[PDB]
Amino acid sequence: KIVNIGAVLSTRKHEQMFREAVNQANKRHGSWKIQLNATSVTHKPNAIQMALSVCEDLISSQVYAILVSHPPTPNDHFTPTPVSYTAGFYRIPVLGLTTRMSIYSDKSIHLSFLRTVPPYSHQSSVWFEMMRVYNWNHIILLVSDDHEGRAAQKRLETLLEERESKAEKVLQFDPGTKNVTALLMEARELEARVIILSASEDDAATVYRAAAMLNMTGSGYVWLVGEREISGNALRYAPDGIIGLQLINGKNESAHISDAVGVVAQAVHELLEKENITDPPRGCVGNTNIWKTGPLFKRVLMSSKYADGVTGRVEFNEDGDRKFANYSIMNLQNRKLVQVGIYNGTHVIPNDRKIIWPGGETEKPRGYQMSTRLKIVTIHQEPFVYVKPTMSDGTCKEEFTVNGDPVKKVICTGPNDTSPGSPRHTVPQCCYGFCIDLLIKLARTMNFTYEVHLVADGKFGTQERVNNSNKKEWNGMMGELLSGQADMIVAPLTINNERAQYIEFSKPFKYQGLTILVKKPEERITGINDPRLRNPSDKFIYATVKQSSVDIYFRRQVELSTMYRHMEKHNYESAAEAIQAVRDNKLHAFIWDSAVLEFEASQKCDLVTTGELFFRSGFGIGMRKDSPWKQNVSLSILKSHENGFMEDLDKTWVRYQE
Amino acid sequence: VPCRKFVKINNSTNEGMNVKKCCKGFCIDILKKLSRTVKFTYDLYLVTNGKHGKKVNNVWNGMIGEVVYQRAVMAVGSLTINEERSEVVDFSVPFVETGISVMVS
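Those protein sequence lines, which keep their order, are chains A and D.
Per the authors' numbering: the first sequence = residues 25 to 544, 660 to 797.
Per the authors' numbering: the second sequence = residues 434 to 538.
Since the hints were derived computationally from the structure, they do not count as laboratory data.
A few of these clues could be false.
[Unchecked claim] Here are the computed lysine-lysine pairs in the DSS-like style, where the Cα-Cα straight-line distance is at most 25 Å:
(1) A:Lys-399 to A:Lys-190
(2) A:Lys-778 to D:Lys-488
(3) A:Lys-708 to A:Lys-193
(4) A:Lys-51 to A:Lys-298
(5) A:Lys-531 to D:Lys-487
(6) A:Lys-778 to D:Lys-487
(7) A:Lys-178 to A:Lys-190
Could you put together the complete structure from these sequences and hints?
Below is the structure:
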């Protein structure tokens, strides 16, 4: 008829308040014969023999609730772990009260640990509530702590699953270093300015000093950290105007202990209304049997419903944390902490105090600086990308067309040849053609400059397993775009299902089908329906570009896998190699798009296309994810579609014949 | 597949009847294969306002008036695409290559 409560507490005043709350816990519960005894222990400068003394004293005491209430620990590890582990050896709930580490969030590791505080990742949820107020969609994550970094990124992806958006850049590395400045300069080149930081005080002061040396406290920069990053020398290195968080009654020890005693007491008086009430035996000497109502009492703690307390309502969720906590939002006004907001269970209310920013105005900084210099990557398309070496040094020969129009070239940068032939010989030459003048029209339309460069290979890009770690990766223009080295694939890119799963698309500019290049008895093929090409031989040589999207499109078509096993013996790197081989009568057929071969038939009259016109598809501009260059650019493309500018581009190259 | 059509009796009253009719063709097969793949539930009916869409003093008509004013969800049937229609709603990717032409003898 007795219940023991164990605690690790040092100060005699909080021990007296703890014993007074234990004595007053049986006040309003009538004249029932239950008794509540309390046992508190102090601290030894070590941690192993502390764990030993506490664990065997609470085994000999047979307590039901174990409390740790020491925020000023001299060790910066903040680990009450071994007492909770020894209680989890017999499945006894330990109620942690001070630390907020996410490693305690794992119920698989911490089988019988509960706490009345949330981890810091929920603060990012509050920062997700910052995404619901100021209409922000691109963040920059920086976490040094690898113990909580995976859980923080998992919670971040869970929060961004509702919007189905992704973070722009995430970083995890070893704490204690000082060169993170190159990563900060790479973050400077990004569009967003949202700085999310999750580390200790040393790494926070290091990145504050690194941002102060780079002078990242200008206009548009978003600064948003927590309570751990505004203490110690990080408070000395703190730039003004920074927006931080504050835990309401997180440091207030006495009311937290009183609320914990109320929660434990009402949980015990709820558990006394049930049967199958087992007791943990003397497990120190000759008793390794587990406490049989471990998960039962844990489920009793799962259904803990409350309506009274000092601060607010307390309830344990599927993770065992405190919900609906009130937070404070502080601002650093000239190295002075000024409160600028309050936070309810789910809602933010800024007060009448102004929001002073480190940059310019007091309104929200529109920190999405879009790319005004687009790194344009392209592949060498023969009717679209005409590449010519310069005359003397970086100049373009302004040749005139037959319509009185000078050719508007561009200084592109490209290699000589492929990697076995020419490994690294990249020069700036002059590029012009269809998509070059299309990009010139886009630059005339919108507010941007650009940077035209080429791709290192002659391939679009296919998904293939890299030989280490058994992972499928990309290459080509998709491999260079997703690496961040490029900005916009301006190329006749093959639109299919697999590419749209990873990036976003625009409206297609080119619309054409598929055909067969032959040379001119039926010398023609009449498309795919030739029965001699269904079961091929060494006579009719049909082939395609190596690592092309037509190969993937025919790889999905499992009913013509024999053509998949036939073109693999004759895969060519570029289409110009196929033109050179079919002019010298080494090839016999070539699956390729319609209008390119029609232009080559206008070049050379012996080139003949086939009769069947299948897979009438469209080619557009390769794009990034959700970006401010999506809606404006698609409206500009549609404006180019509605007028006769497509006919003008036909008059440049397509409609003209030779 | 069945559908309804709100056919009015006269011009004297606005009261009509929802006559149920059958439909087949291209877009019917497209919608049936979408129901095979996605495995959802659809609510198919016909519009009685008129043609595709035309704004008369910030008032659209037809399928544009049904979709933009949110009396429906999506337009599966045939619809031309221009600038302001792409401004008011979000079209999908194009699947069929249908332009304009001139019929002569």
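Inset, instruction - Go through the numbered hints given earlier and state which of them the structure violates, listing their numbers in rising order. - result: Hint 3 alone not satisfied by this model.
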